[PDB]
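Asks: Each chain, letter by letter, is given below.
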Amino acid sequence: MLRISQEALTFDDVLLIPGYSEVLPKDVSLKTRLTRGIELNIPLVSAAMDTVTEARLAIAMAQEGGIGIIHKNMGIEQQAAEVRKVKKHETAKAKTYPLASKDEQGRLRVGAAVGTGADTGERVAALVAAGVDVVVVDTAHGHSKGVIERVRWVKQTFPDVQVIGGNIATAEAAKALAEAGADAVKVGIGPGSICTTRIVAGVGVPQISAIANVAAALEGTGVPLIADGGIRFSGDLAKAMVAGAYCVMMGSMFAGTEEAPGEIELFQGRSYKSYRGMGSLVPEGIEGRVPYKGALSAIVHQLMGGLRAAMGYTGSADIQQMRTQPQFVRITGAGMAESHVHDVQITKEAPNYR
Amino acid sequence: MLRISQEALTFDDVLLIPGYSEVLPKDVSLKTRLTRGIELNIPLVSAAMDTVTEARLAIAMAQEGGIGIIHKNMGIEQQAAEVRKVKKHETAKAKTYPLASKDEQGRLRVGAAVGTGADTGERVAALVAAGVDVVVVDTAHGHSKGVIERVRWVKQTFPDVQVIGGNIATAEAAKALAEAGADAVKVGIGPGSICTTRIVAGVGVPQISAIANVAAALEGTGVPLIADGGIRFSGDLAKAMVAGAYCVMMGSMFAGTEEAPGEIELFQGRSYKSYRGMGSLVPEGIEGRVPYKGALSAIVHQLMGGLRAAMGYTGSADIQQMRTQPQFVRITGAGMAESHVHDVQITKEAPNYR
Amino acid sequence: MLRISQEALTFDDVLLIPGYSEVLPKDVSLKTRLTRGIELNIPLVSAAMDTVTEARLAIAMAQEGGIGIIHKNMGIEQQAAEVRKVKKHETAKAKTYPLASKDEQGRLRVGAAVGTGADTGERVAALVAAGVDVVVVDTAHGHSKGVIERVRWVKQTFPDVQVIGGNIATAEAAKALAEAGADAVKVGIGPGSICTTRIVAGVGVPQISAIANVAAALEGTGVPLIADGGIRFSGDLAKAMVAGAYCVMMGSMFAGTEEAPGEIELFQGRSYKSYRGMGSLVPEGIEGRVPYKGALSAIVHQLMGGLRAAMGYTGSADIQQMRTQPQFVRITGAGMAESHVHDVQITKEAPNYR
Amino acid sequence: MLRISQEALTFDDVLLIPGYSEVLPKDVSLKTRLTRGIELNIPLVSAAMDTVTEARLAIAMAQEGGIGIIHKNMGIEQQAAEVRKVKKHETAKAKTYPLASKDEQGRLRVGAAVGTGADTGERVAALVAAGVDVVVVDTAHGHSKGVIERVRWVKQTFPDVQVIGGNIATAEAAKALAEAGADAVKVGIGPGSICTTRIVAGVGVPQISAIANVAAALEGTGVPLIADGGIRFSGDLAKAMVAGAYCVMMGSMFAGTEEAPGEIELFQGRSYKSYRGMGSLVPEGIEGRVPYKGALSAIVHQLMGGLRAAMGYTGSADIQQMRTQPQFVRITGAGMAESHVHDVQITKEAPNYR
Amino acid sequence: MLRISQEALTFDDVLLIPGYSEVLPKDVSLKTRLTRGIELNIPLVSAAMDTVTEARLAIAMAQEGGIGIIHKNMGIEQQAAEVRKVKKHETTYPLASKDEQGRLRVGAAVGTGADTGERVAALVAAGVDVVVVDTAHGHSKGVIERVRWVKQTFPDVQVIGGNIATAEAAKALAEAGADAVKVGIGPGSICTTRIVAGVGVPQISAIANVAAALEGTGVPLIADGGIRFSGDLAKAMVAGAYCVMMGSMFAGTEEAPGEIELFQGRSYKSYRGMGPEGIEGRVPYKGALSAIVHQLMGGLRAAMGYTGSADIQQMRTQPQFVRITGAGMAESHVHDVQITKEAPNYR
Ligand SMILES: O=c1[nH]cnc2c1ncn2[C@@H]1O[C@H](COP(=O)(O)O)[C@@H](O)[C@H]1O
Ligand SMILES: O=c1[nH]cnc2c1ncn2[C@@H]1O[C@H](COP(=O)(O)O)[C@@H](O)[C@H]1O
Ligand SMILES: O=c1[nH]cnc2c1ncn2[C@@H]1O[C@H](COP(=O)(O)O)[C@@H](O)[C@H]1O
Ligand SMILES: O=c1[nH]cnc2c1ncn2[C@@H]1O[C@H](COP(=O)(O)O)[C@@H](O)[C@H]1O
Ligand SMILES: O=c1[nH]cnc2c1ncn2[C@@H]1O[C@H](COP(=O)(O)O)[C@@H](O)[C@H]1O
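Chains as they are written, first to last, in PDB author numbering: chain A, 1 to 92, 202 to 390, 415 to 487; chain B, 1 to 92, 202 to 390, 415 to 487; chain C, 1 to 92, 202 to 390, 415 to 487; chain D, 1 to 92, 202 to 390, 415 to 487; chain E, 1 to 91, 205 to 388, 416 to 487.
Next comes chain A alone, as it looks inside the complex:
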């Protein structure tokens, strides 16, 4: 009697099956795309949130081979100034970043978020003049007249900039944004760590199924999809890629880095940095904090180490193979309990595990 379209799965519902391997984890390729026009050397994007990405973290993300999306919870002039900081940043003396995401002019790549409200035309124009590489039309519900028409307008008005539209969670939404001319789509309704959309509105799609449905819809187009939200462990990243993601966007994972906005807060013997939803104070997110994690480079190293391991296990030599060839098994709650550490009292944990 219920109108149920499908059962939908998320990360903890599935595991990757090992396959025959001849390429070691250290030798696989991690190169992928953010959009039709923008390549990334590693499949990582930092979230457009005011506790995650401003110039400092965006510089670091690009240096690592990913990219940062500067948040829009600031004045237009201020957001453009952040973009300019990234574009003008020069590599120091003796430091070298062989994987750095750079444009044709050799400048670090950066993105920036806009909405669909009254200041959007001016905001986009300012960001484009500041040299932004990609404009992210970023709302809670990308499958809407407002977002579709704004994506079209950016493509027409500023023909040399890349455009991402989101967020979405269905095949029909993916086709609608592709029809608007999006250079990539961003996938995720509700899975974010600090997000309460699924609880307050009762709306969303478990992220592994969301990713796969969007990936299938975009087959034949060459338009990338960005899997946004819900990543807690490096293994989730691997699963997202095999479900069809071209890259992943994370907020919580990066909010605790030195390069993220904010200062270290001490509490009960541990160190933290603040992390809050952008729809937080009828709110659809809350406010919190995450453990301090040190330099971004160390978090990236752990994440990519885990992804490289997964590619080693599945026998995937590069991202295109990882996206299209490995298989999942579906598991139960007991399968997941067995996956975690179990029946031993931990005394010393790992940087990549709790």
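Treat the hints as calculated values from the structure; they're not laboratory data.
Treat the hints with care, since some could be wrong.
[What the hints assert, rightly or not] DSS-like cross-link-like pairs, simulated, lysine-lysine; straight-line CA separation at most 30 Å:
#	chain 1	residue 1	chain 2	residue 2
1	E	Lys426	C	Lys481
2	B	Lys481	E	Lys284
3	E	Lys426	B	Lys426
4	B	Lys254	C	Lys31
5	A	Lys481	D	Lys426
6	D	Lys264	D	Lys254
7	C	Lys284	D	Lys26
8	C	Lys426	C	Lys31
9	C	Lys26	B	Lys264
10	B	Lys26	A	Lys264
11	C	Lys254	D	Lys31
12	C	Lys426	E	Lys426
13	A	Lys426	B	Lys481
14	A	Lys254	B	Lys26
[As the list claims (entries may be wrong)] Here are some chain B residues pointing at chain A (derived, C-beta under 10 Å):
#	residue
15	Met1
16	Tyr20
17	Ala280
The beta-carbon is built from N, C-alpha and C at its ideal position, and this holds for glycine as well.
Dock chains B, C, D and E with the ligands against the given chain A, drawing on the hints supplied.
Replies: What follows is chains B, C, D and E with the ligands alone, placed relative to chain A:
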């Protein structure tokens, strides 16, 4: 070998799928029906419980555009006097309530509960003489000879009053109450926060399936169904509507408001009001308390904000569309864990989330 | 690739569906059978455990209309003396027990357990001479050469006594014990509260499926089945009956009564009595304690009140109808969470709920 | 849309069904094989981990009728010296070990692990010269060019030694190692108590399905499979055998024995020994400790008592029957809750249960 | 061998002894002095902290018959502007603290830093009633000299100096011309001075030692910090205080700076030390200031009823304490019963 009719789902088993939207949350219509003859401007009913609805809260519910059902755990004269308080209440001076539920004479609408025991004939007569808009024949098991015959008797004896029968949880029960002449049916066996029917009797139907089964049964009749119990978050309300409910009845959500009976109780630095099952002291409910929530208006605002968001997400312009067009996905335990806030230490929560 | 016969369910996996009712809970019939030859006025049996049933509790069980099975963890003379105490017990003065389980001579009914070891022939003979109504050939694995041959031997050697064989959990086991001449079979491998068989041996069948499989096997024979173990709430009892049980055996529920062996133990402001597995100190059970519950009569009243409610809800006028006509829905973990009390801080609980 | 090969199960998803039994637990046979050429009197192997198996524990394992695999986290000379200790060990005076695993010369059997890195050729040669019975080519991903080629090389170079390859979790991996000439395959990707592969890489297969898939693949070959990891209770061992394992490898279960490396550590009134992953400090395991368990002989006695019970319950007279004839039921989370001790306050636990 | 001057006590070390009473709680007088020139109708002062007192709370404090001290963690123009907001505020408040021109009274804190001279000038120009030379260590050359400077340069303005905890410090500030002294080294809820520096004096003994030194000087003393219960306020008065300054008790009010934060079923507002020798936190939301004041003053009236003190002068000088042990304090609190409903004045 087991006689199992179906797998049955409740709120946490499903999520709403986003759809194409052109109508903003602030612009959708929330109008619906309580019964064949009674319209509501918002789909909210307060429970007929002695810790939830007496005159003060019923006045407020009607002013907000919903309705209150005055409980029957009091003398007949006393219950009629509560009804009269609501009917005679006049709007103050400078306060205006544009959505107020009013009868043809401009008086605030109110309902009242009766059972099937010996004082029922007199109780109904007194409530009708007091100007009650709807008599709720309210028992633990509406699919029974007693309730069916009493619903018939009220329809025959007092032809100008609306009648609700309940509670039920099946298609055949819905048809039986409709055949008795009910102007609406009330759905819910066991899901109430303080209810222990499912534990003590082993009886009940998960509420999302209960709602959908009753909705399908009543197709072609124009008889509304009221989804009673189990609502914890505004997202549950959205799900109930898409499963086919015309409106929802809540007890726990309203027991903590200023307008509910009882005084604020202080305990471990927080404020509470009492909340107890009507089958509490072989009991089928227990006794407890819920956090103080302040004015009813603020709770209603949060609930309707969440419902408006859900309608925005599904592209539903009004309640009839919301009831009949959006789809669910079925999810697992991990899907639900991903829906809640996860993997972040909360520091500041939201009025609509914990 | 796995040899899996079926998915198997237990109590928390299912709920009873309400049906049309014309018979009130106070008016239904609870009469049933323990064995081909022994009627019970209520479907309750107390477990043959040394912390549950000796003469005092067996007397009370019979007086209530059920029956007690005296445990075998004592000398043969001692076990026979316990049986004699029950048979010789006379009702006091002004107390009357209208439902008492009595034999043709007007004496209270009682059962007693035996195993299959070396003292079994003498033990059975002593119990029969003491006037026992039913010999329970009681082992961990009733589907065995030893139990089958001992059941046959008792039927041949002592032709006037009833015989129960167990424990079993399959259709083929039920047919094998029926072929041995059992007057009833006892169902339950692993579900007992203090039992660790399923953990230590990895063996067992979820009890609702076990009951239904055995009930289907015994159709056409008139041989009762006794559902032994795993009952925690009165609702579980209702579910067991609808799955096909003729009656239920409980240990934990009765161990805390005044009539059970042992004295009240005080600990952290609460009162307890001891309760331990019979395979406890390679053990297959452990040792513990359960809350003190007062007179057995109060526990029976709560259990039967819950069963009467369930029969009222399903429209079952008597046990035969309850066993054969009502339906289940299968539920998820969220369905069960909704069944329990949820999202309210309990202040006063109920005798039948926690 | 997702590429899902199957639903996969682990231990807590299934239970063994009782069957007709004529052979008592004390009378069944536990004999099995480690490899084509090596018989074991009991189906137990100790893990090749530096907190589990060195000479002392390997001696004890062999004396009990199983075998130990000496770990490779030590110099080549040192690992060979450990092997020599086992081979040269003579039984004392008045102690007798009737089940001892011995080679043709009457010496205790022992295995040793190697990897695929640069020191492997020399390490294998040294272990073989030291008299090792079986070389375990042991890596995180046995389905790889490196492991396959190394297994071939050992078979060719040292034709008189047995070779195990692993770890694997699929049918195709099993066929690939069998084609390389492996004398047994070791099954397990991620289930180990201290392992974090499934979390960090997102890779693995629930162990009961892994075992069954490998068992089916190896039908017709006579090549044993060793079920490595995830065993927490003796019942898990029984389940592993019925899924098709020839024997099981355990680390956590043995790390707390007196014979394991390391000294007793006292903490909060209890005794512990250290236990850590071999991929612990991008780590794929962590570090911890497990309760002290005393002599290995007592743990073996409990494990085999549980397996004997399971064989008694299923009517399996020997390991070959246990592997091929009994059936499972699939269960839910509630089935598992019912399997554990429930609804009783434990006061005295058992050596084989918590 | 240790140079120990005395054993020192604080609030939980003592209890007030009941005495013969003829004046009911509702009939006692709560009037007192803030400074030798300024009178208050209730003995309450709000702390000069950026999470406690700005214009809004200061207005409410004055209206209740106490006074607020505007904090100095803001620009000079900003602080003077806060003072003017209070001085210009118009309304019934029968107990309201007002100056000779009928304007609400307000205080403002200064330090001894470089801009102090300018800050004082601006505040005085804004019509401030009292300048609080407010530092962690009032018994210092710097503070004593600044107090003297203010009394020279603007002798028309009342001056408070602090903080101090000894007889010698009290006499030094009185000599410098202070119109009141403020007592408290380390007892504040959020303060860590006693832990980080190892320095301080338990507040009851600090108050009593200062009160003895100031007998006959005409100089009132303000007991600043460590008040958790209304009973503490009563104790502080009997130990010799003329009034009490609180931060934590007021930070959770509607009138205090900041907004409500929700966390684990309760509501909170932020509270942090001005110093590090302090930490940062939050306190339960308590609603209107008027409610807190009512409870505090009800507790004080009850204590005065119990001791038979008809006014503040008697309360400061006549009642006695007993010294109690840890078991004595355990008996004083609720004990051996599971609370189900607590009280606004007892959590
Ligand atoms: O206030 C919010 N409500 C709903 N979603 C949010 C909010 N803030 C951030 N998000 C989403 O959550 C993602 C981050 O998820 P995370 O990596 O799981 O922490 C963002 O990239 C956004 O898509
Ligand atoms: O004592 C009781 N037993 C069973 N159900 C109850 C009892 N009291 C109230 N209810 C039901 O529970 C609903 C309220 O559920 P809630 O909104 O989840 O708190 C009521 O409208 C009633 O249908
Ligand atoms: O030591 C034991 N091991 C396994 N099962 C037991 C043991 N002791 C009692 N039982 C079973 O557990 C049942 C009682 O279960 P309960 O009503 O859930 O407490 C008994 O009637 C027996 O069938
Ligand atoms: O650091 C590690 N990472 C992954 N797996 C490990 C690690 N260390 C040991 N294992 C595996 O875990 C098994 C032991 O699992 P256990 O019996 O569940 O404690 C070993 O035999 C190895 O197969
Ligand atoms: O950072 C700080 N260090 C030391 N003392 C402080 C600090 N902040 C405030 N105080 C003091 O603590 C008092 C407030 O104490 P409370 O009433 O116990 O919360 C203030 O009036 C100040 O005297």
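Asks: All hints, please: hold or fail.
Replies: Right, here's what the structure says about each hint:
Straight-line distance between C-alpha atoms of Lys426(E) and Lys481(C) comes to about 28 Å, which keeps the hinted pair within the 30 Å bound. A threshold of 30 Å between alpha carbons decides the hint, and for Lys481(B) with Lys284(E) the separation of about 48 Å lies outside it, so the pair is violated. Pair hint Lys426(E) plus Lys426(B) holds up; C-alpha atoms about 15 Å apart against a cutoff of 30 Å. Distance restraint check for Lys254(B) and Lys31(C): the Cα-Cα separation of roughly 24 Å lies within the 30 Å cut-off, and the hinted pair is therefore satisfied.
Between the alpha carbons of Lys481(A) and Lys426(D) the distance comes to roughly 22 Å, so the proposed pair stays at or under 30 Å and holds. Proximity of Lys264(D) to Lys254(D) is assessed by CA-CA distance (about 16 Å); at most 30 Å being required, the pair is judged to hold. For the hint pairing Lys284(C) with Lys26(D), the CA-to-CA distance comes to about 27 Å; that is within 30 Å, so the pair holds. At most 30 Å may separate the alpha-carbon atoms for a hinted pair to count; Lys426(C) and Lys31(C) meet this at roughly 25 Å.
Simply put, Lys26(C) and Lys264(B) have alpha-carbon atoms about 29 Å apart, close enough for the 30 Å limit, and the pair holds. Between the alpha carbons of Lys26(B) and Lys264(A) the distance comes to roughly 29 Å, so the proposed pair stays at or under 30 Å and holds. As the CA atoms of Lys254(C) and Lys31(D) are separated by approximately 24 Å, the hinted pair is consistent with the 30 Å bound. Note on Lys426(C) and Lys426(E): the hinted pairing is violated, with a Cα-Cα distance of about 43 Å set against a maximum of 30 Å.
A hinted pair counts as satisfied when its Cα atoms are at most 30 Å apart, and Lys426(A) with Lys481(B) qualifies at roughly 22 Å. Straight-line distance between C-alpha atoms of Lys254(A) and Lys26(B) comes to about 15 Å, which keeps the hinted pair within the 30 Å bound. Among the interface hints, the one on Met1(B) is violated; its C-beta lies about 23 Å from the nearest C-beta in chain A, farther than the 10 Å criterion. For the restraint placing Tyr20(B) at the interface with chain A, the shortest Cβ-Cβ distance is roughly 5 Å, inside the 10 Å limit, so the hint holds.
About 8 Å separates the beta-carbon of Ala280(B) from the nearest beta-carbon of chain A, less than 10 Å, and the hint is met.
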